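Visitor: These are the residues of each chain, in order.
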Amino acid sequence: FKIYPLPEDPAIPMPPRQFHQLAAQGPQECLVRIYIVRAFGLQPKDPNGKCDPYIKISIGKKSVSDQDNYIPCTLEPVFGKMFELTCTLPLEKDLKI
Amino acid sequence: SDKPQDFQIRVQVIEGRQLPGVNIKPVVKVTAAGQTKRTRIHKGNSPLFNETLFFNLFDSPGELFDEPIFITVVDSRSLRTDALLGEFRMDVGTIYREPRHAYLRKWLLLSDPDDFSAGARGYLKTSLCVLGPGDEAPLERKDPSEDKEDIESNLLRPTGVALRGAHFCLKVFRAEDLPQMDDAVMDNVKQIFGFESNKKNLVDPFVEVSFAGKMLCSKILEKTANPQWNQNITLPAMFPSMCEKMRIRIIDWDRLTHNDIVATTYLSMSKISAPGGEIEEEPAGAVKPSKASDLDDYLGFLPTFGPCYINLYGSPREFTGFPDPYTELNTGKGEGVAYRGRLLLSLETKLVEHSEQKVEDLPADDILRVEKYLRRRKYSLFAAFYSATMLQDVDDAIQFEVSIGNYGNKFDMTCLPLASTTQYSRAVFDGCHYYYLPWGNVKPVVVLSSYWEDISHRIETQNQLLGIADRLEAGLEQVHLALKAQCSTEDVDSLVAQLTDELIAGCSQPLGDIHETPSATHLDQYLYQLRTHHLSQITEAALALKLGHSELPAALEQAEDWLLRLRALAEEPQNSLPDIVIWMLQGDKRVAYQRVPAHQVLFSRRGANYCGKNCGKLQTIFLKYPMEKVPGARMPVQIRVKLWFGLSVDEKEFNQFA
Amino acid sequence: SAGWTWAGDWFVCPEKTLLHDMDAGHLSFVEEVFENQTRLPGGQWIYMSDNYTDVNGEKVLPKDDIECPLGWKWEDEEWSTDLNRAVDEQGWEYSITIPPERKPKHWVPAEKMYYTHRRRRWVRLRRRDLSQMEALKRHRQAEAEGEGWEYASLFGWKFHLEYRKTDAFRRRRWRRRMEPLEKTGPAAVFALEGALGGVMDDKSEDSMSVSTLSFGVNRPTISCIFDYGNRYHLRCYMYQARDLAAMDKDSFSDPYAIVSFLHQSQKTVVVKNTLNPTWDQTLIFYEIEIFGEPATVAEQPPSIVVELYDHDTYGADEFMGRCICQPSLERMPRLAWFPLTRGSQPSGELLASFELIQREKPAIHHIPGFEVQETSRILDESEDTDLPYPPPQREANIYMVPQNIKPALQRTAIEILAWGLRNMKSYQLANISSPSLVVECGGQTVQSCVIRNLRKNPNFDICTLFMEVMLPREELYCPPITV
Amino acid sequence: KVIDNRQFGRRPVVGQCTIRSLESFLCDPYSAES
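The listed protein sequences correspond, in order, to chains H, B, U and D. Here the deposited numbering is used: the first residue of the first sequence is 1549, the next is one more, and so on. Here the deposited numbering is used: the first residue of the second sequence is 214, the next is one more, and so on. Here the deposited numbering is used: the first residue of the third sequence is 921, the next is one more, and so on. Here the deposited numbering is used: the first residue of the fourth sequence is 1404, the next is one more, and so on.
Some hints could be false.
Said to hold, decoys possible - In the DSS-like style, the derived pairs of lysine-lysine whose C-alpha atoms are separated by at most 25 Å in a straight line are: (1) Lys484(B) <-> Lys256(B); (2) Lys936(U) <-> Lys623(B); (3) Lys1641(H) <-> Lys1376(U); (4) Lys1604(H) <-> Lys936(U); (5) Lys656(B) <-> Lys1281(U); (6) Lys1326(U) <-> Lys1644(H); (7) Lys585(B) <-> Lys623(B); (8) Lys1598(H) <-> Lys1610(H); (9) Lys830(B) <-> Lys1103(U); (10) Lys1376(U) <-> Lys1609(H); (11) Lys1326(U) <-> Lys697(B); (12) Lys1610(H) <-> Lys1025(U); (13) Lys1376(U) <-> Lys250(B); (14) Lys412(B) <-> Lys1604(H); (15) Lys1604(H) <-> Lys1550(H); (16) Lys936(U) <-> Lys656(B); (17) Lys1609(H) <-> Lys1345(U); (18) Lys837(B) <-> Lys1025(U); (19) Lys1025(U) <-> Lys979(U); (20) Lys1593(H) <-> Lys484(B); (21) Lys865(B) <-> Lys1103(U); (22) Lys936(U) <-> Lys591(B); (23) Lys484(B) <-> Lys1641(H); (24) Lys656(B) <-> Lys1025(U); (25) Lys1610(H) <-> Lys250(B); (26) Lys427(B) <-> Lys458(B).
Derived by calculation from the structure, the hints in this document are not laboratory data.
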């Protein structure tokens, strides 16, 4: 939104458009690279007193996870994992990691 | 079972009753499914929620048992320490298995779930339905007349069986100035035997109490104008009651026709009891000398009431042989439009683990000690009418009638010293849509003197506390006037300091001694010590807010909380004063009415700060149609008035208000 | 009476007073006439020229016998049938055969064979000359007029307002007025209450249970009377209303406001077909007075009620709600938004300001009773010449809000780039598939194209939305821009 | 008389003692430090 005053004098030319955009309106699919480095200071989530972290990403209408690729019972686990994931914009633009 | 289903569990958080604390600000919130949410936070002495929350659990009928909704009541305020007022941790499997898969109009006992025999800290009204894929329960009932009973009207997670009740012994002595309700047919029948006709068809009055789901009835009198009972009727109820207010609904016997009600009234249980304790841990200000709001002498008590006169109201006092179109006024619905009798009684309460119903005959000592509490004084009421506008559909000349209790009613009198009515006049069109009364420079006045007991020793406290509330309320407007001006916080602090000087100055206003009155009871001992207790409490709150500095939102919370108490502390359940009711008439036909308390126009010689806020002031008032809820598209009339009230000894002071 | 003395001698006090100034501070007024017609239960309607009545059933002159009052001009040269009321297509209300009471209470906008009386309303508009209201003071100095006499063949009954040859007797009502003794003051009124109830002694033909304390009337009336009032000058500035509910079936309204006062009511210009109507109008009110001592009166102003109605073909029956506002002593009152409430149901807000300028010169009135008036002197300070600049006119005698009160205006361009919508959830998985882009503010709108499928394409083919309007440069007078 | 800290403003007696052997505890107070 751009809201601005103009002079009442009718002899004054109208202002131009302030902004323009590329008409990339359609399904501009983009490849997403998720880089997971490490985590630390993580809390236990159940009575076992341990935590076994993994990344689940909700991407648009799809779900991405690697629940079986983790290091058990580690306080400051190193991941170093990369996810090669597709994404159609602006339909799957909402990536909850 | 062994078949998991998507059960939607819907729980509604409705309202709290009889909770500890002042202006408590509880929040009920439950999260689920990886989501973060917040719920509305509700503040007040008796906070309302009216919010539904639900969750979807894919458990079997025997598994959803272990996944309850974690309802908590967390009291969060900025001026004092937060607290948990109770929480509920009961299974939800029992409810699904039981028929309907739901409970309706039930309360949750608020306490610590694992604290045995802790006692109730108030109750939360809720509803719960468990809806499986093949089940439905969108239909709920919250009818307030059905959950009055304190037994099996709630769910007990804490204190699963450890409830404690009380026996409320109602000593009912007598009633006076009752309306005639006995079927008029007797007036035509008695003439068959040569008896004279009259307007004194006496009913068959008796004492009846209905509360907490239970009703008691005792000895019935017949054909009696001014009944005496001297009966003690004891009704059991929970000490931490699930009812905030007690209803007085007495059905008089009628030997001629079906039994009916002459009048009704209500008494708040928050005014005569303190089941949550009289002392809150909320010492607003920089001083906390007792580690509590202030130092109390009682710190909690059972509901109790000394001998006092009860003012009952209902439909018009005129006697008829026809059905009353406003019967509901006598059924405890809304409020009455006429005074319908004076009832005197007292309450004694015993704390017990069991409920019992008993009736006892009073000893002479209970009568003589009550009769000696009977006194009458002359009171002075003045009202002036400055203008009247926005009239509609005027067919005839308009007159109004105003009376106090049973005094000043033109149909119940043959001769009175002064009029309660004025000259009839025609309405004049305003040129667009409305008519007005052409009073010109003549401003009609009504002066009446009612006669009733002297409670001025408690009245001064009421206006004292309200006067303080009124001066403090002004503090809120001034800071908001500065807020729109884009003032600094320092400017707000300056206004707070100016307000504080007035706030402490008002704390110098002395409290009356109510122990001198021979009719004073232990309840008055409660009132006196509570009044001195709370008077110091506001004194403590004063000054301290000037010593410190704060952002406006904090200053506003301070005044709002103190204002609620200052007004609440002006409450007095022992109200022996009939109110003032005014009707607008077309000819002799009732059109619209209003009900006015006299305490806001009341004067005392003790000082200006013991007077009502409208004492000698111009006021704008509106009347409402019979059974009106809103002014709608058109309201009866807009009237400008000035009122003054006080004792006959205050006559000399009236002049400054004239 | 005890603690009291006589305020003055006996004065004539007619049961009703019909002498009133209904034009006091009025610039416009709508008059109405009730034409009654009757018939036999077995017959048809007949007309009588003397069957015109007032609202109270009193006899009045025919509509065509009404002449223009001084200082006024007619807007309507003739009476028209009033169809802005709950009447039938012929402009009549109908009622069932009237009983001996001769006071019809049941009226409907429908004709029935058992209805033997009908009433039509005539409507005629009048507006004041934009000059002086002096004509109102010349003919309304008296509080009441006439000798108070009614004529009868025998005193006590069958009285008439006109003399007949058979009228051997006449009757008129007299009233006395008492004043409190200064030893007790006005409080002396309580020296009567509870005292006079025991005061009555009848040793003559004058016999009443209420004698001495009162006569004629069962109970003596009381009043406060003033011989003066506190005059004010009032101007109402109606700029614009926003977000008003529509009353018409077609989701539009034709609102006009009525400024409701204790004895005044004026109608604003009606704005057609909009829920955000702009008036930019000023209404001027004269001789506004409040009774009482000025020391406390100035601090206790009356509420002003603004009643909005949605104009329609059957009249503005659909009342939109009433707003409560207050004037100030500001010479050019600042505009502010005030709520309109109907039935305790707020229906929108109005941007307006009001003034109630204190006049030094009091209103002059007479206290009933044969006494010398306390206000024997008049303070002849300027009546209306020390007032702030009066508003400009848009039409004859139609005022606009002064530019000193109006905001300075600017041309405002609102340029919006509507890339797309988000968080569209699932509204039936159909009705959010093609959401439009529309902008409305102040009755001004922007329209745009609609895309059939924005579920797979949340972005728009056309993202251009543009509005150009005149706005207030003042934030207080400039409403939040709506979309 | 010993008083309990009871809830709801009550101050009940928990119990008391009756000592008729008070003479048996008589001693000389100033035979020690004072």
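Visitor: The structure should be examined with respect to each hint, and the outcome stated for every one.
Guide: Hint check:
Between the alpha carbons of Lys484(B) and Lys256(B) the distance comes to roughly 19 Å, so the proposed pair stays at or under 25 Å and holds. Using a Cα cut-off of 25 Å, the hinted pair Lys936(U) and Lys623(B) holds, with the two alpha carbons roughly 22 Å apart. Distance hint between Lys1641(H) and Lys1376(U) is fulfilled; the C-alpha atoms sit about 12 Å from each other, no more than 25 Å. A threshold of 25 Å between alpha carbons decides the hint, and for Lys1604(H) with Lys936(U) the separation of about 88 Å lies outside it, so the pair is violated.
For a cut-off of 25 Å, the pair hint linking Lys656(B) to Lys1281(U) stands: about 21 Å separates their Cα positions. Note on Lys1326(U) and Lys1644(H): the hinted pairing is violated, with a Cα-Cα distance of about 52 Å set against a maximum of 25 Å. Proposed proximity of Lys585(B) and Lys623(B) is contradicted: the alpha carbons are some 32 Å apart, above 25 Å. Annotation: proposed proximity of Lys1598(H) to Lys1610(H) is violated, straight-line Cα distance about 29 Å (limit 25 Å).
Annotation: proposed proximity of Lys830(B) to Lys1103(U) holds, straight-line Cα distance about 23 Å (limit 25 Å). Using a Cα cut-off of 25 Å, the hinted pair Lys1376(U) and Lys1609(H) holds, with the two alpha carbons roughly 12 Å apart. Taking the CA atoms of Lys1326(U) and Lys697(B), the gap is about 20 Å. The hint holds against a cut of 25 Å. The straight-line distance between the Cα atoms of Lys1610(H) and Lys1025(U) is roughly 74 Å, outside the 25 Å bound, and the hint therefore fails.
At most 25 Å may separate the alpha-carbon atoms for a hinted pair to count; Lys1376(U) and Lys250(B) exceed this at roughly 29 Å. Annotation: proposed proximity of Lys412(B) to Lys1604(H) is violated, straight-line Cα distance about 86 Å (limit 25 Å). Proximity of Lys1604(H) to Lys1550(H) is assessed by CA-CA distance (about 40 Å); at most 25 Å being required, the pair is judged violated. As the CA atoms of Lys936(U) and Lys656(B) are separated by approximately 16 Å, the hinted pair is consistent with the 25 Å bound.
A hinted pair counts as satisfied when its Cα atoms are at most 25 Å apart, and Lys1609(H) with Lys1345(U) qualifies at roughly 13 Å. For the hint linking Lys837(B) to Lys1025(U), the alpha-carbon distance of about 22 Å falls within 25 Å, and the restraint holds. With a C-alpha separation of about 17 Å, the suggested pair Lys1025(U) and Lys979(U) falls inside the 25 Å cut-off, and the hint holds. As the CA atoms of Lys1593(H) and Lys484(B) are separated by approximately 49 Å, the hinted pair breaks the 25 Å bound.
A threshold of 25 Å between alpha carbons decides the hint, and for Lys865(B) with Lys1103(U) the separation of about 10 Å falls inside it, so the pair holds. Under the criterion of a C-alpha separation no larger than 25 Å, the hint pairing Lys936(U) with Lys591(B) is inconsistent with the structure, at around 36 Å. At roughly 59 Å between alpha-carbon atoms, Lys484(B) and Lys1641(H) are farther apart than 25 Å, so this suggested pair is violated. The suggested pairing of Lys656(B) with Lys1025(U) is violated, with an alpha-carbon distance near 30 Å, which exceeds 25 Å.
For the suggested pair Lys1610(H) and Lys250(B), the alpha carbons sit about 24 Å apart, so the restraint of at most 25 Å is met. At most 25 Å may separate the alpha-carbon atoms for a hinted pair to count; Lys427(B) and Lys458(B) meet this at roughly 15 Å.
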